[PDB]
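Read the single chain below, which is given as structure tokens and is the form deposited in one PDB entry.
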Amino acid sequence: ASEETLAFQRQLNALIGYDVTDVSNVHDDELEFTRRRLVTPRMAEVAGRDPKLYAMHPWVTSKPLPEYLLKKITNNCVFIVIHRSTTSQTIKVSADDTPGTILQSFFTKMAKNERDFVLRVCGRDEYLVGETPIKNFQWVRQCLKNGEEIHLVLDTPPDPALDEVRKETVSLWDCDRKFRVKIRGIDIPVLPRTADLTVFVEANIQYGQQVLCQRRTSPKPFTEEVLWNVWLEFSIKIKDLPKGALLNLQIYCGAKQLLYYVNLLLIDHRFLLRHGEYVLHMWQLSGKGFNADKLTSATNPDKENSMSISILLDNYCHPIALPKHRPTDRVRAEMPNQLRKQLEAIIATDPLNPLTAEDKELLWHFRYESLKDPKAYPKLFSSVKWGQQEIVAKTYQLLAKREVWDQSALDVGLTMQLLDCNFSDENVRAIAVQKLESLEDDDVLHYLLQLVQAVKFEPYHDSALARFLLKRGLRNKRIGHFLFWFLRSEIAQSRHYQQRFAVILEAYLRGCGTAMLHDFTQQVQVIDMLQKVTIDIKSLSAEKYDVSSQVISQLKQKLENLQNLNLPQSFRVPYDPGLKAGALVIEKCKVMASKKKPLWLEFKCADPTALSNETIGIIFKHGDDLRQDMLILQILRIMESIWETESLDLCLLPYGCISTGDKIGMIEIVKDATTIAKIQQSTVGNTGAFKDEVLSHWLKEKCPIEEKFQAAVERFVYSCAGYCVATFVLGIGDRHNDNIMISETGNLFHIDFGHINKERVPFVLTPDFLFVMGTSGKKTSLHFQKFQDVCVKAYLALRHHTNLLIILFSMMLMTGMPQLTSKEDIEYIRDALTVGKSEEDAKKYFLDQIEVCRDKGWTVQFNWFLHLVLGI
């Protein structure tokens, strides 16, 4: 290992934010083993990607043009403005022309080596190239909807050389003996403050979040060291242990409640049975009383303060689990009319609905019949007795013939269901991933965060899903960019999965290319520098007192030093990679008058071809985990895409928001916007006597032109409806006025989500909102009626994708929540979506929620004010 190799590893660890070679918190070589195994997948993808297309990362879609965009185009034509220097001409092209047919058509119009130029969006690293109709480019579709013009510049294609990549005994199943483990003792440096506590150890053999067998030790006084030296034998036979099963060890604390836990994979990555002595440091349960963290094979790295449990496993030779080999029978394709019909009723049931013992027997007995319907796969494989060798073997025989599933249409919702906490079998999970291979880059982008979170449900570090993500990231820069940040936010805030995520990110970084490696370095530099600034200014972490003029002046000064000669002169915006930020506009920079004192920063665009002088407003938030906001915003983007397929535009505004490290992140500053509470405070003040006409007045004053005002109101009508529906389905509608913003164009949008007997409301639809829509009293109106229709429309449209939302919601709660979630928490979504109900009842249900808000008036906002502002 030369200084070079060591040096390279060093920088990668800096980009990752974790030392991927660290072995201070491992009891085996699974992680290192995974690093080695990911080497081939990475190299294979690197050598298979096109050097030019990878360099210009065209952002396209194969989806049809939405109904609301079809209107925007007159006669299959599109106008584009091409620039040179100041030199610029406007051309009219066909919506189906390829960027090549464009340039060739440009050289013929204006005329007085040759085709060595490329079309790039003005002021952005976004290229319109490749054999694709101009109308199938995301930027083109964006401009259309926004009504903005399409300005492209004629520059030289980026040399793909800049993406250069650096140089690169035997026992079988048979073991009729029952599995057993010995609990030696538990040890903890410091113990709780009640000192009359009792504790016992519970050992579970879990699979797919289900307990196959459980054993417990007797209760003993809770002291720094508690020894048992007792053997716990389980009712399951060694030969019946399925690959991916875990020995879940938990400690309960009572008086004389789960408090500590740690897991250990029974069958390792090499198909060998786990044996030997083990000293495992456990995690402490925060929820005094469930989630992805409880399934981790990772141990707590903090040895000096955590609880550890010492156990002993059977130590003989080396029993190895034999990989299945499909031989072939009873397909039994016929059943009684009633039986058949009651089988289809079980399958037709929603995800959250539990299966009874009898329900599972029918599904399993008629496996092959159930196999004919993809939507039955989750229920079917959840009816498999995974704790039985014979049954599992039969399960693989069943999956052998997957022609029906192989030909089935890609159903993202259905696929995600097989990648959650309920399935630990590699074969079942692998078939879900098989289907994901069909997703085009644009769709991978919509579900990327969710897929990354799903890696937490994988029993092993190396899996089909982890490799899938690696591959798509290496194949497309935009996906690679976001993958980088999503993995980095987990590695920095999650000790439960940081080791596994670090291995996956290192594999991506060794194949993304020199150019991207340089971009990531600059972005990370700015974030590290900005973070230290928030750490150097000690008062920034003090919520007790307000922000003085001296601290702000101190902020401007420190930003000045950095900018002199140390801070990157330009970097890509984490949440908007196509945009390059340049120098800071120290004058407009400051410390927000917020309790959390976030940095309000403004930069200039580093791209000179930018057709504007507006700054890039970025909030550098510190002291807050922004992972939940990212999840909420992404689910909102998913709702947008869902509404797009149903041909609907709810005008949501999922602004940029990305966690960039440990309790730090960057948030997009929406231009020309203010808080609803702010608008109220200007007229009234620091009191709860809210006026109903303030909002409308504010909007009109911002839109003195007839046409403009009605355009804004219509926008308000849509955006208000979109958020009411969206926030209601997610169960986060009852919010304080200061968490809702509005732009001068009338766009309403919720912000600052954070970790989210009395008066309650389903969502925010206050008198000021109803006012803008021309409704004062309890009387209807033209705009309000529209509002009601749009709400119903968007609402029903979401129900058409119930299973998708249900699974997305359950995973989000399980992976993006500190505390433990229950079935009750997940079931909320099922009720909010009126599952089982007919469209009619559903339409009325939502309309009823709209009525609750009218009767409530300002009541709820007034209580929020009394609480949040007056501490009442």
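Residue numbers count along the first chain shown, from 1. Only the largest set of C-alpha atoms that superpose within 1.5 Å between the two forms is called the rigid core. What changes on going to the form deposited in another entry:
- In a core superposition between the two forms, the Cα of 538 is the only one among 538, 145, 778, 595 shifting by 2 Å or more.
- Relative to the superposed core, residue 622 undergoes a Cα shift of 2 Å or more between the two forms.
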Contents of the next structure:
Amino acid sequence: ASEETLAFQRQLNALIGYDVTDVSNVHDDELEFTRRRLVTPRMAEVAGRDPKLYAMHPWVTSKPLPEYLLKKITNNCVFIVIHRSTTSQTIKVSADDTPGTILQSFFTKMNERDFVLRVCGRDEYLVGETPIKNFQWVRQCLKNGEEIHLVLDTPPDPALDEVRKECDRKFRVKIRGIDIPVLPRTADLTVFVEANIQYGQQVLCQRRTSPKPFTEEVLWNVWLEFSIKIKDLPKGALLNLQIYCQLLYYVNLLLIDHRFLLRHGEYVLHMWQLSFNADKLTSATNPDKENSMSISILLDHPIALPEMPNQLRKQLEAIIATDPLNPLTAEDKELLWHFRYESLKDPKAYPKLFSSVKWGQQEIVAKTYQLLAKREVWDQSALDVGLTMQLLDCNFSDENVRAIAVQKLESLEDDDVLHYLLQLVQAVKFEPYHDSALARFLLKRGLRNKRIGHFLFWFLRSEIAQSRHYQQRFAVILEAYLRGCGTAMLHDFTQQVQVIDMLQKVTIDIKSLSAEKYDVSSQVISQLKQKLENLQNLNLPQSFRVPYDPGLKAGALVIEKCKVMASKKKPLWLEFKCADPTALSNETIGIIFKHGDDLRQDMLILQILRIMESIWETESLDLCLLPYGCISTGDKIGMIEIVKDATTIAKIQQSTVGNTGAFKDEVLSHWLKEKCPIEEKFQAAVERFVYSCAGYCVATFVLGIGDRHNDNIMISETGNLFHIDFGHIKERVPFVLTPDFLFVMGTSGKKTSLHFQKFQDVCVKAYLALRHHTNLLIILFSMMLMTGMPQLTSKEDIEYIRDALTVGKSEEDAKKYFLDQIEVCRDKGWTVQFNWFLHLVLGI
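Alongside the form deposited in one PDB entry that was just displayed, please also present the structure of the form deposited in another entry.
For this one, just the chain is written down, with no partner chains and no other molecules.
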């Protein structure tokens, strides 16, 4: 262990945000065991990735050009502007030419082929054997009807990515006692210990102890013998110890360790306090010992060795045809299991079929593995993310069952992996062991692609920072990725963390000045610009990669424009210059650092929104949403992308009117027209509004976050509406379709209109579009509530989304159901908003 070896670890831990070597909080060696087992897969991806292609991380898609983009193109032709210093030429190529057939054709028109096409002002290269039309930037430019400016520069040297040198007896447990240093005020409490043998979130068995008075020390020394036999215990089963006073304390212990051994010996586990969700499933113990409740137990080297009639048929398919949230009956399960090989021929049955398994029985499980052995039908089925996601949630704990889900994920191309990365990263919380297929799949895909890796870094880091329940597991996975991404990325991450940390302190040190009375003092803005000065001196990184948009390189601070927002939680409105000189503009980079809101929620919501945009893509729809970047940098803090030329709808009302609820109906249209002097840009901004508005209307409704204050919705000087603050979230409305909105669509009273009719038809089209992916949205929504909501979610919560999508209904009934929702908004006018103004603004 040279000084060099130690040094490396130190910085790694620094980047990680946690010390992955720490052992102060572990009752075994699973963590260390995983750090070692990931070394092979890590290296196995590193050496197998093309140095060049991994250096320029091309971003492409093998999906067909949507219909709304087909139009943007005229006769299989595209024009690209190539620049060389102040010399730039425009060329017209075929939408099927490769970036090489472009450079070659560029040397013809105007050592030798030692150059490459990069996007002006961005680290995004158009390279590889792929049609130019299959590059995201290209398709992005088309949609925005913008020009494609590329710069001819030198290809990065792959050397910069260099990687450093490398029993029939019934099971029984003994509860000795619980110890807690201090206790609650209401002190005439009573408590007992509930021991459960869980698996897949369902209890196979349960035992309890005699209730006793709640004291700083409670002994029992009672033997608890369950009914299930030691031989029946399935690998992945959990011994969930809980304390009731109402549940208050809980801790879990894997009965079968990572080595297939039966857990034994004396244990003193430090439990978690309850304030259902992902956290109640963790194997991790509470690190804080001096304050947490502790359970002392005892355990008894046993090793776990590695046709049908028409109405019956028609009743089987009826169950299989059921949605995800519909439970199963005793008969339901018995029917699914009896006909395993028949329910096996249909992939959409797997979830249902594998929950009908009696895992608490060695025999049944063994048969299951046999059943699974023959997976031709599955292996050859078409990838279905929604179906695959269902096998990765809290309902399954069998290593083999989950493994086949991951198996199908292997088919996803980088572009799609990017859409579901966040969700899949959260799914790790559902794994019973630190080392898993899903865990290795992510590690692998991160080392195989810089964009996937960049986000995998922050995604994991957000959880490492504010989740003591899973920071140990994630930290091991992050390290594994940091030990194989390269020295270049290892450097960017450093610059980014540095910039972040420094700005974090400031953001918080500024908020400390007035937290109950909005009033951005003149002196505060004076001190703010001062603290940044001290940093920009030479201590702050000259530049850094923007965490939510890695293709962008931020430079120096434009202290002049920086300020503290006139917001309650007083966030920071920072602006940077683009560190890239080849950029074709002078616009700054607006970044918002905020403390107070749980950005993990926004981050998750924003992601579903991106999932909905692509979903509409499959149907050739463009709702003009604006899922601005947002990354939870750490505990209660993170950044927010600033959308240029945009304001709050409320602000729009306040200017005309003021700090009153006497909302007008033309103010908005008067604000947009004023902004769009160029006529051709009004009707354009108007159609935009109709779509963006409709877009958010549909999406927001389905997610059950439509009733919202006028201050959390924004509009751009280009007519783009987009909801913002997704923080936590009598009269009520399905979504926001206020009079000022319907007005811009040329509709004063309850009278229809051309644009309003356009609006409606779009809403329906988008609404029906999502319904085709009901199952996908149902599972994502559920995982989100389980891993993204501080409180404990329930079935009721999940089922909402189901109703919103009107599952079971026909397209017609559906189409209508949404048109009625649109009506409520018309019959509610400014009612709701006025209430929000009265509630939020007045405190009533």
